[PDB]
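Next up: a single chain in structure tokens, the form deposited in one PDB entry.
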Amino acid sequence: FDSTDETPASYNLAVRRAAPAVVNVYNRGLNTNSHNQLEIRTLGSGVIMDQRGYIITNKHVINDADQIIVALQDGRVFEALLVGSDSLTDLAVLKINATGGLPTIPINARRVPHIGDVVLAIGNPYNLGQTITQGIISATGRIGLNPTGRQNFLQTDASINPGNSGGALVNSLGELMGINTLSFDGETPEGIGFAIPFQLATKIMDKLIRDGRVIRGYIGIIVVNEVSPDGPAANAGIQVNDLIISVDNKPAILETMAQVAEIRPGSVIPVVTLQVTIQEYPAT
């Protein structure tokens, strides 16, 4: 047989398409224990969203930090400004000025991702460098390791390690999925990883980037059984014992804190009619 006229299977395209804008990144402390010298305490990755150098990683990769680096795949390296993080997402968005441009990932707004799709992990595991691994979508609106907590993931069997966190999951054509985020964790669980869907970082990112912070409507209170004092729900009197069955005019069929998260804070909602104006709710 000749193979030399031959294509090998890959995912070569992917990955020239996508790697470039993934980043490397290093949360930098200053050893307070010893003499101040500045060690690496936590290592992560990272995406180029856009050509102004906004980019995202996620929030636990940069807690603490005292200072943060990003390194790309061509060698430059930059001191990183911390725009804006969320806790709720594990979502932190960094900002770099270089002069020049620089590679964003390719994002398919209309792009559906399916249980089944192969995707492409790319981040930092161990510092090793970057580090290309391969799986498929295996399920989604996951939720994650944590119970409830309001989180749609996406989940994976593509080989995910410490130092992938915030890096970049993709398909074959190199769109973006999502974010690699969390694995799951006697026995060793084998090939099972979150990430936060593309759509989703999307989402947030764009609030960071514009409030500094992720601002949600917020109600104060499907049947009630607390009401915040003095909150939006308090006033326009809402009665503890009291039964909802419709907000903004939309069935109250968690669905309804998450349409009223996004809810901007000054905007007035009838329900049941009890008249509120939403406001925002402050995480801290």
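Residue numbers count along the first chain shown, from 1. What changes on going to the form deposited in another entry:
- Of the two rigid parts that account for the shift between these two forms, the one holding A195 holds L94 as well.
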Second form
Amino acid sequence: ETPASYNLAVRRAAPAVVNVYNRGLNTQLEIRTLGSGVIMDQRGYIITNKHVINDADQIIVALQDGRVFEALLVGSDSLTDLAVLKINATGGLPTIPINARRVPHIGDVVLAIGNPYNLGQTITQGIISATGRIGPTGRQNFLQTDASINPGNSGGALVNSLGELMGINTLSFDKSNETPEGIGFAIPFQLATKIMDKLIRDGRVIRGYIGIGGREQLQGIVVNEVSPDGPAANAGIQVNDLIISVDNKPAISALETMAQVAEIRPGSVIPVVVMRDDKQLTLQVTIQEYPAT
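Could the form deposited in another entry be shown next, to go alongside the form deposited in one PDB entry?
What comes next is one chain alone, with no partners or other molecules.
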């Protein structure tokens, strides 16, 4: 007779969850912000929230086995509130279980591993409240969860009963009207990984940019705004016109497209077919790089 337990996922994933400390020196060293981190690979690279290590003079990463390192900011993305830290480990490193094929379903039991209020590594249990949750940028595409999330869980791991990483705890719903209960958000591992591999490889996230604002007869993304001196404006794209296709790919979803654009190497001239006056217009556009925050 064994008690129902998620200790398995705990022993599997908890080790790979670290305590990330941001400290600054003031007229000496003191912690200005603390959160959590998730060791993804053996190389020592760690994913965390950018808002955890912002303006960090020194980033201290504390593991559960006692070891304490000095993290190296590999890069950060304010667009997805993500950041990667590097740590040189001569000894073996615990990694987070990752299943790229795993599709998180609503209702899956999840565990939130982090360091709430610097009490130590806390494991809270909940489920996946929802998926594909945005919030305006729409880049975050959060997974909602009712697993107890608190200040110190940011950058922490959200794993299932198998210990497999599901997301990176980033947000707790704070909006009144009272105090929101059991509503937290996390970056899907699919996105967290995509950003990590890109931060390590480029020192930052490099995104294509058409300088267009639009929201999804023919089916296409409608343009609402056109960034001045932006690739769109330059090419001759207008707000009212409807984008049928982008770079030889159907503009079926405003969100799946913006992801396709972000993958275009800046400096690339791509076709963008639109619809003005019920007439198809093919406009060649030059991809810039996404403007700095």
